[PDB]
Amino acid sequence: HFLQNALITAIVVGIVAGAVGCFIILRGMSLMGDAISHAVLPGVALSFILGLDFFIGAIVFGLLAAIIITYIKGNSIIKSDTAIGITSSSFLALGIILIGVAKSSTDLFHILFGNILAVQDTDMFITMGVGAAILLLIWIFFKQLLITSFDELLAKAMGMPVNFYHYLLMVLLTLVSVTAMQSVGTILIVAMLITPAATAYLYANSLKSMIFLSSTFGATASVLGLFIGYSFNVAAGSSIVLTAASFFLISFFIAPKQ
């Protein structure tokens, strides 16, 4: 039963991280995908200590991090990358001491790194529940997410609400990020977005073709990473990233397009 919930949670995390990852590498949001992960850790920490759900906590501190970045950029000469760096690292440091004082020592290890072997039924249903909602939103707004990714200037010229899809993607990115804490933790979360998407990007001849590949590369890597992590008795999250990196490395030579 521990390995049952382990497998099915790791698969859907790999699917939805690879799906949302495609849009991140194409729009060039990979360095924002790092900062959002550190920003949500306080939110998860407050909602883990208090009697609250993890998504509402995460998006509030993700939104609160974005308000502080925009305020620093606006009212000083500090550059954008520096302001993102300070608020992300400061929120990460805030997340560590806030869990440390309230909750136990081993609780910190399960949030920052993987925790596949111990996943409850409530966590599994919520993970595949919002995972369906993330994929279902990508399906409904596929054509609109396509055109705003490829040709933003045309989308504006056709009178499309371009900023709605900027925000909608970041909501999808926070939702997948909170679920992906279970598989690979907050530290190695970026790999689950970019690495399967980058692998799929070597083969893909369409956005639809890239999403199916990236999700399967993410799922297959996370299944193989769970197997190799459990049997050899090593870090689960790091194995899932390291097998995904070898998938990219093998694909870098094998891909017909190079």
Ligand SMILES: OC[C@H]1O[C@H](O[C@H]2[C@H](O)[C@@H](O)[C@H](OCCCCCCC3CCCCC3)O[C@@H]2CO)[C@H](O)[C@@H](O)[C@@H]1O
Second form
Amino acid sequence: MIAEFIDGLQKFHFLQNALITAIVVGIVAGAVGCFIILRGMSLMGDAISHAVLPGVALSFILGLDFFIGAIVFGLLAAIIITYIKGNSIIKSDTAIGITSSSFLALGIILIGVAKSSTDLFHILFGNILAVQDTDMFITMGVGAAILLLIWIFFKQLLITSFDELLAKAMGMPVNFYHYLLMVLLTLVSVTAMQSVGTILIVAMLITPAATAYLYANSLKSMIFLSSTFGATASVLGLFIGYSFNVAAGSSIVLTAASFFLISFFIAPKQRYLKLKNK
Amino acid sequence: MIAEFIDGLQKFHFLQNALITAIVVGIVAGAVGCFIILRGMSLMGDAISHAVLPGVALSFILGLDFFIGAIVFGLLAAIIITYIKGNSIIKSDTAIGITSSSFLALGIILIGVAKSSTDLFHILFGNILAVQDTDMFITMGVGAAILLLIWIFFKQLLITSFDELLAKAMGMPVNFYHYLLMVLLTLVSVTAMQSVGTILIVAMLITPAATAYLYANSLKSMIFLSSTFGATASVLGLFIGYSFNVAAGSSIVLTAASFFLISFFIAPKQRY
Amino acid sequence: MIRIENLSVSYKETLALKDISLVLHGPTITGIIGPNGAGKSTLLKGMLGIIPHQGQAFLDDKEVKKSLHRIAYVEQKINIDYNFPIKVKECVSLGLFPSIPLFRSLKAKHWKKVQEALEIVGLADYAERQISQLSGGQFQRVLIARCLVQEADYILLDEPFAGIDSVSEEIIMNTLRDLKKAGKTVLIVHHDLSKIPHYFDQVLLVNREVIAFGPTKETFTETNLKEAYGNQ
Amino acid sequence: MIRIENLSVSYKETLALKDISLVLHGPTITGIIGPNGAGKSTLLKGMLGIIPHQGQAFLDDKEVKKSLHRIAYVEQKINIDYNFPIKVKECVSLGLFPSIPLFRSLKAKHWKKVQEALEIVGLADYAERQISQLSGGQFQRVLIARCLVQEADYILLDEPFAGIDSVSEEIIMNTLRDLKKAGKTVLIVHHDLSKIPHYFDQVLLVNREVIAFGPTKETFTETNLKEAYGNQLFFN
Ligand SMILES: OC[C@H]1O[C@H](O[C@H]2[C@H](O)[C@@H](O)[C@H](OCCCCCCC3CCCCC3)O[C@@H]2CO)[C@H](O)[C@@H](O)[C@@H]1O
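Starting from the form solved without the named molecule, produce the coordinates for the form solved in complex with the named molecule.
Below is the entire complex, every chain and molecule, led by the chain shown above.
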């Protein structure tokens, strides 16, 4: 079972593209995911994943680039979320719930009129085994762009995530780096559609990062661990789905969930259960 | 358009059951949905719906009722969330997102072994156009049980949602009604597997409630309006899906969202 | 009588409230004073068992947690959601909910108390209003009206004179004086050090521990206040 | 010279600060005192421009908002997340980030400042350690070391002595006394009314309005205090 998987990666061109795409998604989603959970944006990660769908669908029929539509509809949601709060008694979480599900429903309608039933199922859940070369190289390009952007603004993202009140006292544009992460989040979301699909994007952001949060002693250490857990969980899940003939996206997420479950007990910081016991 | 829909409701059998089932889901999700948004449980509402999937999946394999598995796995998720908070550094919103996505993935695999992917799609997104009589009568029965429980504990659900701090001072079991409300939530979730589906239940919970919240001057009035907007959106949504041959579950949600968008501007409280 | 034994409440690492032993006698209007965030408001929640605490508390040869029907707790305005859809009379009627069992409704005799309670606090013509439409002073009178309908022998308020107009203060204070005349105990957590001998006949100075407790003129001194607010 | 002119703040409808006008000369260690939640902490935020406010504030002719590099702000310990993954030296190094431009990193020059700042506050052995693995006193000294590396002419500390041991309290106060000797204004929102004449040479008693302002001996009196804590309605 392990032997023929290695053999398949040598023969087949579709399994090679599945491996490289799964790796890159796992690395980049886990890297961005660190900032998502540290800044308290776990909900927003799920909301933007849903808000991107109608933009990706509308960008297809118009004949435009997939990443452009994701940002427009991704920002339209964030505008509405803030606009609902600012002009009514509707709470924040309710505004995020209404706008995310409404955009999700809109996306399903726009996909249905243009594309087939199998395309909708794949957009929502994965299709890692049928990614083309152009999609693979663009995923590497945009994925590497996300990483080097974080590398450039690492010091600025550090203070704003840890101590935003100190950043404001120094005169830093805290709003600029908030929108930067949301611009990066949309690029991760459309990239993650290939492996885990629209419905399970949130898992690839928060689950590896949450696991790395239990171990890491620094932001750099946390990103490295979050990407390693995400990348490893992406490879194992591919091996699980391909061999046992089960959903690749769910297998990838369950592997990440099991890493969190194992780490929840065996992590040094988690072994402060002795504190609560006595 | 309208003549064809009315003609269809007389000749076609699934469209009759689709109408009846959609009404009942819209009414009950609207009523329960009021309590969700007033108590600030919109986030938890979405997670419980996802946590229901593995229970309903595992329930079919063992040959039990879907409601039993959903309640067990639904409350299991809620127990895991608080357990993550209390025994780790991980925050609430992260813990809710982790458990719901993990349970949803677990549900997809558990459905995969017994059922097919078309069955997974129907549990997750509707199958409104093919609900059977046995399913309709169960939906009406369990839906009526939800409305009765709300009617019986109306004053108790009112005082705990508004002023929980006073209810604690009076010596009321505030946790009992919190768990009672989450049981109603899980019953609506499995009931919603025959209209909007597991993924879009939250929409039918919070959106009709939020729309009614703009008009309502009391909780009784709010529930009436939320169920009215929930029922009407379920009817017009089915009409859109039937007429244009598109996903009815999504059409029902967009209709509910459109009422909210209109109500955002025209409502008396929104003006003043 | 409200007797307390070694009542403590932990915030997280350090104690918010530390070993409170005390015996309060009635009838009275008692004032709990001290620095903001240093025990005042926590004492009432720990006493009623609203939050987890380590000590005990008694009401007349009986435990407080088995006598909540005899107490009326009026929380701070800040905690209450004003956007919640509810009329003034409906908010007042919440005080009657303990006396109504399951499968039963509020009869005409219960609305009589709601209409009478509003008339005592001067909000008879605001019965059908939403609580969002009322002012800060007016809303406190609604909470006091909600307290009156419970008909409690013991009344626990939390900063009821904080951020209100002088017309409301007069109405609220006159209502509390009448409760003391009816032979009932009133325990108020005061927001500052304003009008201590006017409001209170007994004063309880608090900063983690009990700094001082007793009649106002004797206990409300320069030395005690310096010990409480000065800390070191 | 700090220069505040008709500054006001409103968190929700009501006024947190009401028409604040003041001119503080230095060098000094000035103590902002009064009831907790009445304006003390909001003044430092309104002064810096971290929150919306009706009014202006200046630092030696030039405006506050256009001269933030000259100021250093040390917020309360409650606002900072202790569980965040960051070492002590890495937390102190955050003060230098404004001096570093984009596309540039911390050379050996900058890390030398960080270790020296820790040697001053007495945490040289805690540099390779988590901020979660520290006491309240020690963590406060890390925030003061983080303040030192900015080399700010003005220092704003929000309740630094709230919930710390006496060993840390003395080390912190020695550091602030050195900053006073360097010729710099140190403005501190105090958490209670402890050691006022010992710590502070000037006092700013705040309760929405400015009740009193001037030298400690002259202003730190029972008349002024009872007006503030009594809210203009103190009974004897
Ligand atoms: O358009 C032509 C293709 O259409 C299908 O494949 C589609 C399929 O409909 C869907 O299952 C998947 O969705 C994958 C996720 C789509 C979301 C956008 C992904 C982004 C990733 C970053 C680069 C741009 C695309 O796409 C592939 C093509 O790649 C069929 O396999 C075949 O007809 C052909 O290969």
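The term rigid core refers to the most C-alpha atoms you can superpose between the two forms while keeping them within 1.5 Å. Residue numbers count along the first chain shown, from 1.
- When both forms sit on the same rigid core, the CA shifts between these two forms reach 2 angstroms or more only at 70 out of 70, 209, 216, 30.
- Structural comparison between these two forms after rigid-core fitting shows the C-alpha of residue 126 displaced 0.5 Å.
- The two forms, fitted on their core, place the C-alpha of residue 80 1.5 Å apart, compared between these two forms.
- With the core fitted, the CA of residue 50 sits 2.7 Å away from its counterpart between these two forms.
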